[PDB]
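Undergrad: The lines below spell out each chain.
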Amino acid sequence: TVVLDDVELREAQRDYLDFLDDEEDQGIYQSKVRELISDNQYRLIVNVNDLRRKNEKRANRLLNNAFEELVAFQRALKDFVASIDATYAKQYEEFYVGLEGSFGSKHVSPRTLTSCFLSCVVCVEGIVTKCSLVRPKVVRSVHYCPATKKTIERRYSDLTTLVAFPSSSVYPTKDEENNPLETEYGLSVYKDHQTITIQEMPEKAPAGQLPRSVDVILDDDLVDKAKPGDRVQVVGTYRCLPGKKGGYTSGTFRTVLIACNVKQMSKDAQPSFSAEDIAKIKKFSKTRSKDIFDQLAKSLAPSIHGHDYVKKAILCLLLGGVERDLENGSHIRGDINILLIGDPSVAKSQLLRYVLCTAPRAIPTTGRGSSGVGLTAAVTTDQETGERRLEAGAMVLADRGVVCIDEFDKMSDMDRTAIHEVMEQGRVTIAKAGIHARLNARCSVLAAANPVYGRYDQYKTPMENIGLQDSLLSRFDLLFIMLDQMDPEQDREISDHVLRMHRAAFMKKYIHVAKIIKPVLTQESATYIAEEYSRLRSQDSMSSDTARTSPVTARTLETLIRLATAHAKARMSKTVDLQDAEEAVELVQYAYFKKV
Amino acid sequence: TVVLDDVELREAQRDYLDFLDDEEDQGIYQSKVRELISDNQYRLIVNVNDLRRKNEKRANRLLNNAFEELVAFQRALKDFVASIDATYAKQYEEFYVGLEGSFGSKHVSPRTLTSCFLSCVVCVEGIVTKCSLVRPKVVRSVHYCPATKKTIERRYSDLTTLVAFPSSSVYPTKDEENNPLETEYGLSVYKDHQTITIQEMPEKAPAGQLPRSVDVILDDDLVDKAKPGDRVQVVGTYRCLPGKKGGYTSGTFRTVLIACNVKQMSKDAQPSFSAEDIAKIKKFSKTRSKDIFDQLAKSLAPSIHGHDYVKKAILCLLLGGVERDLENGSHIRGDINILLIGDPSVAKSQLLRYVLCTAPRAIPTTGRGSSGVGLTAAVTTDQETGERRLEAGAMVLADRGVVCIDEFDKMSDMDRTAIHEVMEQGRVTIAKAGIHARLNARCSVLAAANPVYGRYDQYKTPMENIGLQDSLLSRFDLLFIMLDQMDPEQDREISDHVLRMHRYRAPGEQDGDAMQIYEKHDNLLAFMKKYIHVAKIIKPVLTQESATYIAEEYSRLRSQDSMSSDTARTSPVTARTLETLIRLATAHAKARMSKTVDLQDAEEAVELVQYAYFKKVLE
Amino acid sequence: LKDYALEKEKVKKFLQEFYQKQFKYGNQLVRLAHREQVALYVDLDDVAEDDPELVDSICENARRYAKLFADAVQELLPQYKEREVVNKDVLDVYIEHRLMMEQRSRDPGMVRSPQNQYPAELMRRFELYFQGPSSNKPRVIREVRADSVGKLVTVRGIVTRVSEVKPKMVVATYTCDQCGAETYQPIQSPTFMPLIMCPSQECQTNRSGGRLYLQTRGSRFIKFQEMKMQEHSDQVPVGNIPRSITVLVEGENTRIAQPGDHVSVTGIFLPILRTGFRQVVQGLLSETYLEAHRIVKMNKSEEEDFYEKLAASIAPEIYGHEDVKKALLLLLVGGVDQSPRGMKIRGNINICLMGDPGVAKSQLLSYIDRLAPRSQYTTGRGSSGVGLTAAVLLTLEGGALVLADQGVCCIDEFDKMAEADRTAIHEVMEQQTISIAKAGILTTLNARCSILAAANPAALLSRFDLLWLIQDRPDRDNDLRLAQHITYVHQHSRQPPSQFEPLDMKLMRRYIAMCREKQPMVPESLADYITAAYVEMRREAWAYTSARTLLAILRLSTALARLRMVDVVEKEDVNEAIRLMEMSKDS
Amino acid sequence: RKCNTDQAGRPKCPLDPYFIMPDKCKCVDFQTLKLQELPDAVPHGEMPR
DNA sequence: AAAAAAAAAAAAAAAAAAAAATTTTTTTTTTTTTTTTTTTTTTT
DNA sequence: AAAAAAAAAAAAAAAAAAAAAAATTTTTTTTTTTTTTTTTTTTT
Ligand SMILES: Nc1ncnc2c1ncn2[C@@H]1O[C@H](COP(=O)(O)OP(=O)(O)O)[C@@H](O)[C@H]1O
Ligand SMILES: Nc1ncnc2c1ncn2[C@@H]1O[C@H](COP(=O)(O)OP(=O)(O)O)[C@@H](O)[C@H]1O
Ligand SMILES: Nc1ncnc2c1ncn2[C@@H]1O[C@H](COP(=O)(O)OP(=O)(O)O)[C@@H](O)[C@H]1O
Ligand SMILES: [Mg+2]
Ligand SMILES: [Mg+2]
Ligand SMILES: [Zn+2]
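Chains B, 3, 7 and D, in that order, give the protein sequences. Counted the way the authors' numbering counts, the first sequence spans residues 4 to 506, 565 to 657. Counted the way the authors' numbering counts, the second sequence spans residues 4 to 518, 543 to 552, 566 to 659. Counted the way the authors' numbering counts, the third sequence spans residues 3 to 22, 29 to 310, 329 to 419, 427 to 490, 509 to 594, 600 to 643. Per the authors' numbering: the fourth sequence ends with 243, consecutive numbering throughout.
Since the hints were derived computationally from the structure, they do not count as laboratory data. Don't take every hint at face value.
[Claimed, not checked] Below are the DMTMM-like pairs computed for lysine to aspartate or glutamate, each with C-alpha atoms no more than 25 angstroms apart in a straight line: (1) 301 (chain 3) <-> 647 (chain 3); (2) 293 (chain B) <-> 585 (chain B); (3) 4 (chain 7) <-> 9 (chain B); (4) 133 (chain B) <-> 161 (chain B); (5) 75 (chain 7) <-> 185 (chain 3); (6) 60 (chain B) <-> 96 (chain B); (7) 449 (chain 7) <-> 410 (chain 3); (8) 641 (chain 7) <-> 334 (chain 7); (9) 266 (chain 3) <-> 623 (chain 7); (10) 152 (chain 3) <-> 11 (chain 7); (11) 10 (chain 7) <-> 14 (chain B); (12) 228 (chain B) <-> 97 (chain B); (13) 569 (chain B) <-> 460 (chain B); (14) 228 (chain 3) <-> 195 (chain 3); (15) 152 (chain B) <-> 8 (chain 3); (16) 449 (chain 7) <-> 412 (chain 3); (17) 207 (chain B) <-> 223 (chain D).
From just these sequences and the hints, can you work out the full model?
TA: Rendered as structure tokens:
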């Protein structure tokens, strides 16, 4: 049979084509359809808030009835992109829609998702837990008869959550006169297929409760969108799977979520670019360049008083240096690592949490919160296919980002021996019997530690005040000392500022573009750094009662280069000048020399 | 499971697209396409000899395996007629391909339709036997759900020959929500369907053997092209049928012949002309219009001598008068009817066999061969529905045709009176308790009676010597008396003619073993059919002069003085004789292609009756 | 594929807004609401007067629009309803009671299932049919084929058979043995299965049986008739037998057609599924009937000297026989049927034309057959045996005489008929009945027909009322006159213009019916004169006659009074009757 | 185990014709809890029901 | 050096899935047979 | 020429052949979820 008339379907496609047109009203979806055409994509994404704004009743129909309205939507998109382009619409055979925006009662978690939302469009929060091996499902299978020289093509359809009989899912193996066929794999069509398992986000679940999880199904251009441990938010259709041919049914209908869209946490917001953003950042770059770093570091973490040099170093780690890779295969890392250490109540954890709130891909961890295998990667067994499997630790997740360690001194020594890999290479050489690997874990480490004896002993050398060895302090590019100086004006200003704060976005834009920027250094700066490091590498550099803090090394020179390049990234000059070199010299001097 | 490409189908469709492409050739099939598009007919008839000469291998392939081959042919036909006119090609979901030509080994008869010819387009002559009710068959059925304001179109595939599944045969009645669906009969689409039964002709069949017949399924386009009793040549696909589902089968496969086309095997509806032949007839008329009746009359029935008046009269019959149906349906007939009465061995039966071989839709009736219910129509019940059907008789078959009555004298009085209303009004009003009807048989009758005593006695009057009532001899409009004078002189005449015809041979075609307007004037001695066929249609109205003259001559004939004593009337002069005068005048004018009956034709008619009727009994 | 709600509003617009200014359909709607009218006939010419494309849609899709028109008029009745119906019929009482109780327990806000409703045809008490558009051409039964299925064809043909009005179920009604709620089962198929269990909400909730019983009392029936119509002879092709269509009649269309008449049916061609058969071809075939929406009877089944004027207008083709024409006109008009104590006397003339060949006996006979309102024609052995009488098919269906009952039977070659047919004809002449006592039949059929006979030369003289010798004998002047007449006929396809044009057959049948409905009396004054005339002819015949002769004179006198159109039998009437009898004698 | 929808003159639907349309059902939640005897209510020597 | 956390491997149980499966009876159709009417044919 | 007798025709009823029509859940398997035990690796 074929439907000739359908008021619902016809009006659905009419309303959709009207909505997706949008050229006369602000061109939102005209721009989006042109964008996916030019970018060669066929899964549009549609703001349900705008759909409600235009045709609210259509929106309610869409939400409360998913499969019918979505089929109507995707076919209307097919016709619309057919109008705007011909060969493209012919090339791509079916144009999907995904949904997005605010889904008031339907924006749920795997706990609150009851059967009330069956056949409806839900928006489920929560982490990912499983990610199946991606597999092609056959959708248009071509065969060639060797004897007859004729080619056929059986077809299939997405009978995922509808009635399915054996006739649809037969696959040819014989010709009509018993002349066995040969399948043409390349001429056929295929659709990758993955299945993940969302779980209620571990914090948001009520305490002492075994968590609730919901299965999710993924198809073309959605398979490798979320690995395990992703803070995903899946918008999709919640439905029932038919238990195949029965003769006795308990009535227990298993359920899934056919995902019509997949998103990560919004923090990784590299695309947020616009005319106002470029205008203001160009103003900032051009009208002032001799105090970009000073002003930015000053306004970095306004809540905490002082810490001028330490905050400047935080900004140095945040921007980073420049990863210098060599033709031979050598790689000299571009990322600074910092160890705050100081008296209690000197905002060490607050600087850490500041980085965690602001930076992209910033991972918290506390001293004995993660023990080894958590911090670096680990190797588990699949336990179904027998093979090994790699479980990415905090550092691996934090690759090209930052890890903030709190209670670093109270972190076990074994963990620090583990991060001996990462603190210079950015790579973890995990290995067990069945799998060897070399995982890119290239990420900065900010750390906080309290000194031995609970509080910093003012009248002892830093090597005696720190419970860490020359090796570890060398792996850290920067070590910083903070002491509560109890001077009267100091106490006055710190308490005044604290009470004042008891009574940004441009920075977020600036940081990642500056990270993108890759300056190069001048010969003036090169000679200057060579002779400055030579000055430092000398007993004459230090003096009695002013002991060094960390064992000065070629690492110290290299991290001075990273600091200078970082200041160049701040200045947007693409030229590490003597200004940057001098500033890095001042920073390393203050960080590396402390009195006794 | 849509096929991407098949070399066989692609090749066959290309070959037949070439075959239809007729411009570099004379344009025959292109002209056929254009005329059928103009007609709105949707079957094109392709000659198998044409197909064989252009590609013998495709002819072999098609005559060995029809249905898919003809699917290729018909798809090519649809593409071709779309190129000529896409708008018309869109009109019909399918177009069809009839056949014609020399089906040499593929010409058998239903006795000889063995199991070797399956899926092969067989050619078969035979007589119909049944005519099932032409009833619709649904092909594309539309439905409307009023609860959901929905419409559906279930689709059906004509699997009359292949395997058919219930999933294909479902007629929907409820939606997915168990709502009621109302059929949309008008919006649906149907094709007629009729079964018939061809039979081996008894003239062809073995003498002592039971009949053998084959079933024929005429779908649309071939609804009423075959009634019972007709001679028909059927060309089409003998196949097998599917037994309905069931876990058991005997091997039996009752078989049919899904006819690809059926044509009238009589081969007597033959107006086949050319423009040159039309011009030939036109000049033949106009150049010598005044002598043309005598030209035709002398021409007609060669291989017989004299009887020139009878040849003129049989021309008046065959050319026919003109039927008249006045304002209120008072139908005055326009056929001649001739009674040959004469001695034996006067070629009366030979004239009858001549008109049998020549006149289209001529049929023989013997004295006690055919009888009444056979002669005229009949009413009989069905026994499959208890309903009264009508069985058309010999005369009704011969409606607008000729019947040759051999030995008219021997038909008993019951049938001799049963022929009365067909003789005058050309209808048979039959009726029994269920059904009644007025079957129409506008027939013409050439009847060869023989005299009482086995030979005419010259001295006895014709009324004494004819064993037929004045009642009937009124209805007959001409009675021609054929005596064997037995004189040696006319015997020399007839004898030389007869033995010349015994000496005439097939010219050149034979060696010694036994079995154009004008003719090449063979010393020992077609267009007749052409000219008389065109002649039949003209309605030459009577002129005032002809009507007054024919009226006065009839009054003279009625008056007794017009016959001298010693002559005896052969048929009493009722008003039927006047109408005879008018009809013979019209037939002569039709011979002339006059467009008006003039005094020439009137005086010829009066000459005809004066010779025919009044006989000189001698003492 | 059109919005049927939109079209429903359009048909409402047409029904409400049509006028001609009297609001034809508005008044019919008022009559409907009052129940003074059980069937409404829509006129597609009137539809096309404003919306021809609507007529196009109807014709291409009829039964759908029958349903839509019916529903629209149902919806529109309360708008025009003025006063309460008088509850004429038990059906009307039932619909009133059902409306009462549903309005009682309605719960107006509440929503109910689609099946908890009265079937839409159960409450109508009005039929709706279409009168086909004049723009459509009347088809022929061979030409009406599968491409006309579901379409409003217009066809013409002779009705050859019709069953008697039987009641047909349209909505079966049932009553539970538990819940006291009626149940309704509509009907579409020719046959049906009756329900067993009750779908009432109470029965299902209590989980009791509720094995409902069928009630013939609370159900709806409609009158149902079926007729077998067939082609006229004239429109058959050359070699064929005429073809038949099975027309189905129901409602107020029944009891119109009777076996023999000529009809024109506007009807929806439809199929019927074929079940209980084992054919060859797969798929779905269908016996096709014709739902009849409008039956009409067409053609023969619809001035001091008026006698001579009408008499000379019978069969103007045939020349002369003017007094035979006068006598034939009397046979058509008839005399009077008086009702005395114990006896009944037929009032029908019988005429026999005994004649020489070629005097157009059959032409006169056929003209009478086609002219007469209810007529039949037999020619020799065409209709013998049970062709004149009735035979059983079971059902008893009439032959020529029974068809010509209350009419005219025209028999040709009277002398040559079979002995049995002659005997039956004699009984019909004597008593206007046929008493059959054959094997399958025992019956006394009522065959009231004037008999017109033709033949060529004692029983005839004794039986018949008038017997006319028409013998040709040659004559110069008169054969010239006949020749001039017939040759003018053959030239102009028309009679030669007399002083007055012959009157048309339609007006002829009209005047014959008007004269037939004008039964006059024989006075008391004229008894003396008519007795005198009768006794006089007895003297002359003594120097064949009998009481039949007096009855013939009386019937002819009454017929003459009928034709004269006023007053009672008179001197001039008896004079002309005796003149006709005396000219039969002179024949 | 029988398709009731009978169509005349046609072979019948197969023996076990029915498949559970998942799109068109009404479904409600359900939770299978485990309850245990109140520990005070348990007798001295006895495992909780 | 002892404790313990994790890993892999092994086993039990509940839910879903898999698999197995001709025979008897009824109805149309065809074909003859028999009765009774009609028709035709032979006799006085 | 009409009556009597016989033959054939028409129509209803019956007997067999062969193709259609109808009825028609229960037991076993086995994957998946869960728990349990012995061991090695790691931490106190
Ligand atoms: N320089 C500072 N200015 C303002 N507040 C400070 C400063 N140093 C410490 N604090 C306050 O101390 C509190 C806790 O300090 P925290 O970050 O826990 O240090 P630690 O990790 O040494 O305990 C915070 O509420 C923070 O505001
Ligand atoms: N007029 C004639 N001209 C020539 N030959 C004739 C003529 N009449 C009779 N014959 C011959 O006499 C034979 C008579 O045959 P046919 O006509 O069958 O018998 P009948 O004449 O008794 O009907 C014919 O074969 C024919 O050859
Ligand atoms: N008086 C007349 N006027 C016109 N036509 C006549 C007359 N008499 C006879 N005819 C013609 O004679 C023809 C034969 O008459 P017909 O109907 O056979 O009489 P019947 O049936 O008694 O022999 C008819 O076509 C008729 O028109
Ligand atoms: Mg702290
Ligand atoms: Mg007659
Ligand atoms: Zn009930």
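Undergrad: Now look at each hint and say whether the structure bears it out.
TA: Verification of the hints:
no.: 1; hint: 301 (chain 3) <-> 647 (chain 3); in the structure: 17 angstroms, holds
no.: 2; hint: 293 (chain B) <-> 585 (chain B); in the structure: 18 angstroms, holds
no.: 3; hint: 4 (chain 7) <-> 9 (chain B); in the structure: 12 angstroms, holds
no.: 4; hint: 133 (chain B) <-> 161 (chain B); in the structure: 23 angstroms, holds
no.: 5; hint: 75 (chain 7) <-> 185 (chain 3); in the structure: 11 angstroms, holds
no.: 6; hint: 60 (chain B) <-> 96 (chain B); in the structure: 29 angstroms, violated
no.: 7; hint: 449 (chain 7) <-> 410 (chain 3); in the structure: 23 angstroms, holds
no.: 8; hint: 641 (chain 7) <-> 334 (chain 7); in the structure: 21 angstroms, holds
no.: 9; hint: 266 (chain 3) <-> 623 (chain 7); in the structure: 69 angstroms, violated
no.: 10; hint: 152 (chain 3) <-> 11 (chain 7); in the structure: 16 angstroms, holds
no.: 11; hint: 10 (chain 7) <-> 14 (chain B); in the structure: 21 angstroms, holds
no.: 12; hint: 228 (chain B) <-> 97 (chain B); in the structure: 20 angstroms, holds
no.: 13; hint: 569 (chain B) <-> 460 (chain B); in the structure: 38 angstroms, violated
no.: 14; hint: 228 (chain 3) <-> 195 (chain 3); in the structure: 13 angstroms, holds
no.: 15; hint: 152 (chain B) <-> 8 (chain 3); in the structure: 9 angstroms, holds
no.: 16; hint: 449 (chain 7) <-> 412 (chain 3); in the structure: 19 angstroms, holds
no.: 17; hint: 207 (chain B) <-> 223 (chain D); in the structure: 22 angstroms, holds
The structure does not agree with the numbered hints 6, 9 and 13 stated previously, though it agrees with the rest.
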